[PDB]
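The chain below stands alone and is given as structure tokens, in the form solved without the ligand.
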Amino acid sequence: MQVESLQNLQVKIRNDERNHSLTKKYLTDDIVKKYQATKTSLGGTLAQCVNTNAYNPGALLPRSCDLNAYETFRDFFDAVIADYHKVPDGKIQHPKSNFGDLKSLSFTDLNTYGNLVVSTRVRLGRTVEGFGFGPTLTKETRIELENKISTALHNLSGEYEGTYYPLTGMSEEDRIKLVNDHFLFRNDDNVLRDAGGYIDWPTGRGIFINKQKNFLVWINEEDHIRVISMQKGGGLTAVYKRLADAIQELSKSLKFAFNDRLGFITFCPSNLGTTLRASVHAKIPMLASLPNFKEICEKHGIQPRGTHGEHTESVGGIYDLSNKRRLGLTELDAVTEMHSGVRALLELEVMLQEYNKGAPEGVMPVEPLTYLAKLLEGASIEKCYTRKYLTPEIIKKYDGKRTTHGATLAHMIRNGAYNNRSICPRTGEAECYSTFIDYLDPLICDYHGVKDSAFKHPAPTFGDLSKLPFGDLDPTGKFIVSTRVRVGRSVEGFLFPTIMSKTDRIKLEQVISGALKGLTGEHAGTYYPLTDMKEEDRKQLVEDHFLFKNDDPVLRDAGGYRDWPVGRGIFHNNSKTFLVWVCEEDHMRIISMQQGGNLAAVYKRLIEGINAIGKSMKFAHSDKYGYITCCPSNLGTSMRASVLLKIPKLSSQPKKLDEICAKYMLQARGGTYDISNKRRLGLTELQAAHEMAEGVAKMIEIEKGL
């Protein structure tokens, strides 16, 4: 196989910004310099191995010119292998082949769990010693290899009796039939093509099927031998044993390449070790819809792949689920991983269907409260409010309960259940605060340092906007880089961004954007919806650090990124001193900011903005808690006033700062610090802004008495 120089391929792979392969990652100048004249014992080059990555940027891995490539080009392949197979300290190793004691081995039938499994499949691959791969085979040695393997297959035991079908000399009639029954491979994969997999097509190639059509072998498709056991249903035990018995019989007729580092050698590094892919096609629509579906699978040792194109238009939710591991475990460990993981995932799908039967459509489905409570046990009972107030009395009382519009207690602890360092819940709608009050009320009291009071949360008290108790905290020049004040707001009559439906989002965005588009004067600006953004706008918003992304796992697992990015948007006035985030965590985050330290103008602009938005919609507000938000941490005023502060001076005193902070109830984060009021609930908006203003103005006069 003639390819370009290794050096040319490297340049091609690197200059290709669509390419994010491991080949790209590890094919360094040093690797090229080292291996550019090197041949394997079969004549292969590293260029032949990485060729396909030059022309197919979506491909993650190299291939190999022959089985000796892994040893000959070891600095390249060990790095690629350790990386892809997640090998702890690059200590690549693999145990002896062991399918287990087949006579006493038993797995439960996977359809026990909801009858969701359409079919079950286990696949192996082997390299036969003494032969190259696509780039180093000749026409004749590939045929000799084919002859060697079909001869082995023909001699197989009774259950395996069947017919060998060479590709060469096959009628176009059987070709069509055999691919229909999904028995035939074709020369239609361009990654395989550019890795030399179709040279001398179709010679040296064929398939073997047994009489029962539950045993399939492919010769020289990619590997020398690919062996597949398969049937309808979830009978993994029979599928697995039929595969294991065949390969152990074949291993007496064929010498397969194995070493104690990589296990069984294959053409693609992804199939090293056991080479074993044990899988089901299962119907798991609800599980698949979960925000962290991929993570849930990986946590159970399972790799999911969708089956789009394999069904009719209205049939969805069918996934291929397989063991994620190939290398560094036995075949028994691998099929066990698949079985245990798939069993669990299928049990979760049944629990999901059961727990969300009759829930509103488009509303985030959720795992049973008791399931999530177990996950929540990882969280600290000392720090994590979510877990602290989730007593057995609370579980007993609220399990099975929904708000009028479909929110559950399960919903609101989900973010902490999957992110055990998250300390607060995320509610589903304003009614949560009355419906789950026995949970939420003590949590709120704790977090905000308050108690149950007989009296109404005071009305919004913004103050007199023309006669404020603060002005410019830094007239001089620079201690304050910038000042910012924001509130969160919920709109009455809508579910929160956590669990709300896509249709709700659209309708909410219509209400809000309409109001934003009509803002006049200092507040006049442009609404940028995330679904229909013009390219130029996207980049400017990032450079401005205005854009929000679907990248926080806590908000993700709360449901906050469902149906992305429908209904989400950014508004800012022309000056970029007034900003609104639409439907990120709360329905709105309303923000006023500017360079310098004029808090009064920032706060004034904010309040006027809130009011002008409020003309077109009602804000969710509570007698108990003031303004209602998704997270209980931002109740009350839901207001955060902050400054970007230069205090290199007293930052070098790291504990009269914290004492200036505790004393004036401020929070600090980093001689440049983001300083803000800590309180949200139990005080007026005017006071919140004024607490930050005094705490900061005092830092500042301390900051020259150095």
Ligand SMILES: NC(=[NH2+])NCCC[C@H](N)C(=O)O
Second form
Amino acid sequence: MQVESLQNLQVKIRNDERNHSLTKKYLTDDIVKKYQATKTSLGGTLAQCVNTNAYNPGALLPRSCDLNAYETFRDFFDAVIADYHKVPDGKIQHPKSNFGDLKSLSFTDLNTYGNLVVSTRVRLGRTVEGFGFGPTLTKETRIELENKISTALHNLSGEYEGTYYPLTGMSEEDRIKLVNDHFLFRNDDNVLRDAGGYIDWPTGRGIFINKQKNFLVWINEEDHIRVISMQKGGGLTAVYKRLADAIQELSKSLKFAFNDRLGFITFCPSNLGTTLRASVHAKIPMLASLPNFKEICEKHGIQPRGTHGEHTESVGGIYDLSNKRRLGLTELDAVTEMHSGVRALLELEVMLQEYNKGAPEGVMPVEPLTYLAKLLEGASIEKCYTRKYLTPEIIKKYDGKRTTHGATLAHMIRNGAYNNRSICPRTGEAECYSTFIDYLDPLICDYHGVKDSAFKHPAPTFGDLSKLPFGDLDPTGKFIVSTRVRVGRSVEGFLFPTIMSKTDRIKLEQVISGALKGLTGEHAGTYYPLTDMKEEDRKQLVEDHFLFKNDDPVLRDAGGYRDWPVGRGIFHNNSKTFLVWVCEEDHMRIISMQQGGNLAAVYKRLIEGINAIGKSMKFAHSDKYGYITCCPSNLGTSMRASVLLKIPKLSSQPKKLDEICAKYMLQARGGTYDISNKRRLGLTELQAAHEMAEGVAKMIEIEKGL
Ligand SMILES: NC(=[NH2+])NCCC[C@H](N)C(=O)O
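Target state, the form solved in complex with the ligand; input state, the form solved without the ligand:
Shown next: the complete complex, the earlier chain at its head.
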């Protein structure tokens, strides 16, 4: 196989913005310098290994010119392998092959868990010693290898008796039939093509099928041998035993390449070690729809792959689920990982299907409350409010209860269940604060340091916007880089961004954007829908650090990025001093900000904007808690006023710093600090903003003191 110089290929791979391969990561100048003239014992080069990466930027891994590539270019491949297979300290190792005690081995049938499994399949691969891969084979040696292998296959007994079909000479009718039965491989993978996989096509290649059509062998498709056992249903035990028996028998005839670092050598580094991929095709539509579906699988040792194109338009939810591990465990370990993980996932699909019977369409499905309560046990019952008030009696009372529009207690603890450092829940709608009052009210009281009162929450008390008790906290040069006040708001009648449906989001966005497009004067601006945005607008939003990404795991697992990015957007005025985020965590975050320390002007602009928006919709409001928001941490005023404060001196006596913050009820985050009022509930908007001002005024006058 003739390919470009390694240095050329490196430049191509590096200059390609679409390429994010591990090949790109580890094919360094030093690596090129070391290996650009080196040949394996079969005469292969590193250029031949990385060639496909130069032309296929989507490819993650190199391939190998022959089995000696891993040793010959070890500094490169060990780095790639350690990275891909997540090998701890680059301490790559692999145990001797062990399929287990076949006579006594037994796994439960996977269809026990809801009868969701269409089929079960286990695959392995082998390299025959003494022969190269695609780039280093000759036409003759590939055929010699094929002959060696078909002869070994012809010698399998009973169960494995069947027919060898060489590709060469195969009629097009047989070709059509065999690909229709999914027994035949084709030359249709460009990554494989550019790694030398189809040289001298179709010679030296073929397939073998037994009479029962549950055992299938590919010769020289990519690896020397790929062996596949398969059948309808969930009989993993039989599939795996059938596979194990055959390869053990074949081993008596063929010498397979193995070393105690990588295990069984394969053409692609992803399939080293056991080479084993045990899998099922399963119907798991509800599980597949969870926001952290992928993470859930990985945590159970499972890798999911979509099967789109393989089924009808109205039947998706069918996935391939396999062991995620190949290297660093035995075959028995790997199929056990598969069985255990898949069993857990199918049991979870069954639980989802049952717990969400009757729930509104488009509303986020949720795991059973008691399941999530177990995951939440990893949270500190001392710092995590979500767990602290989730008592046995609360679980018993509220399990299986829904609000009128479908919100559950399970919904609201989910973010904590899957992110144990998260300390507050995320509610599903305003009604949550009465339907689940026994959970939420003590939690709220605890978080905000308050207690049950006979009196209605104070009405919105914004103050006289022409005679405010604060002005410019820093007229002079700089203690204050910038000032900001924001509030959260929920719109009456809508489920919150956690669980709301796609149609809900679309309607919400029509209500809110309609109001925003009508704002005038200082508040006049432009709405930028995340769905229909001009790219230059998109770039500029990112430039200004006006971000709205689906990248927070806490929000994600509460469901806040579902049906992305429909109904989401950013509004701001031309000056970028008044902005609204639409449907992130709350229906709205309404924000006023500007350079300098003029809090009175930021506050005034904010209040006038809230009022203007409020003309077109009713804000969710509570006699108990004031303005209602998704997170209970942001009730009452839902107001956060803040400054970007430069205090080089005081930040270096940091506990007469963290003591002001304490006694003036401020929060600080990093001599430049972001300082904000900590209180939200139990005070008026005016007091909230005044507390920040008084606290910041103290800090500043403390600062000049040093
Ligand atoms: N046997 C194989 N086809 N291996 C290819 C695995 C794909 C690989 N992770 C890549 O993107 O390079």
